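Heads up, one of the protein chains got dropped from this complex, but the rest are sitting where they should.
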Amino acid sequence: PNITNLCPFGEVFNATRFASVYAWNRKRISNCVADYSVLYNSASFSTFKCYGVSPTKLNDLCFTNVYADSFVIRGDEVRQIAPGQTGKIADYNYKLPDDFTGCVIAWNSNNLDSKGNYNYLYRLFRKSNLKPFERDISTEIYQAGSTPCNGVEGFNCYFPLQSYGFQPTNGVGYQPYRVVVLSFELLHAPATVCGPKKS
Amino acid sequence: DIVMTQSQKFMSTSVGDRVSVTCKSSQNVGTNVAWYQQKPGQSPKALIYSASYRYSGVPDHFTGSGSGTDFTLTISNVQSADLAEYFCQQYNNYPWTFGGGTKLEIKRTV
Partner (left out) sequence: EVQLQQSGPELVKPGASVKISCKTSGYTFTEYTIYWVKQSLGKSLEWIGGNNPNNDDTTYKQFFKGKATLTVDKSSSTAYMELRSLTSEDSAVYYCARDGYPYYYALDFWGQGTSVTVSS
């Protein structure tokens, strides 16, 4: 059949505004048919590290209830996004479990944040590492001293959120990168989203 | 404001009697203290933590007190290695300031 029911899977990749890295954006896509091959075919995708399956087998296999996690990171932090690795962002902002059969895309957005951008916040201080797929949203004055922390901020009383120095005259490591992570569960019971078929 | 006197500067116990020292503080600022032993010549050794807790590295046979704006500590007895200086702690505001200290003297008789 024609089966022309393309879903917003092809729209989130072209969204002008994303969310913060600690308040990473989550999208659930299902009940649609879209081609996954057109993504890596384009030459505008700088980084494509896809662990769950080979890039050419996305269309061959059918999945369920696909989940997309989107955020923005710095230029020299792309290696932090990997299952079972170290990193300040990988520990206090977003962590991948080792048993993660997912797929990762990342691309530059330097021209979209030129002057630069000073509305980005990221966690820097936390008691322990984050749990997998944890939407930890909260605000508190981080304390690192024996004396109790109360009232106004000061010594051993810090704000765990800081901005980004995304100046328009910076090279690699200071250019914003849009990062999206695709995950899915295989055939829990029904099947809604599969690869396209040609006739 | 900031003052610590613990109602005494030095106390004397001869033999057998239990030793106890208070750590009376200023007006209500919080509840967090500590007590350190100061042997005559080397670094201070912590005696009690928050006036009621235990140390893994000390043979702890100690009695503490409750909570509030007043503090008290009770030590086991007057052994042969108790003659030292007693220091109390108060850590609520950044300008830390302690008391004048307490001295334990073994009152030898005739």
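So that you can tell them apart, the chains are marked A and B in the order they are listed, and the count of residues begins at 1 in each.
We take it that a contact is a pair of C-beta atoms (placed from the backbone, for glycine too) under 8 Å apart; a residue touches a chain by one contact, two chains touch by 3 or more.
Considering the full assembly, A:146 is the residue among A:4, A:16 or A:146 that touches the omitted chain. Of the listed positions A:13, A:133 or A:158, the one in contact with the omitted chain in the full complex is A:158. Across the entire complex, the residue among B:63, B:67 or B:97 in touch with the chain not shown is B:97.
Within the complete assembly, residues 144-146, 155-156, 158 of chain A touch the chain that is not shown. One chain of the complex is left out; on chain B, the residues touching it are 2, 32, 34, 42-44, 46, 49-50, 85, 87, 89, 91, 94-101.
Definition applied: only the chains that are shown with their structure count from here on.
Chain centres here are Cα means. That of chain A falls 54 Å from that of chain B. Taken in their complex, chain B has these residues touching chain A: 30, 32, 91-94. Listed in rising order, the residues of chain A touching chain B in the complex are 146-148, 154-155.
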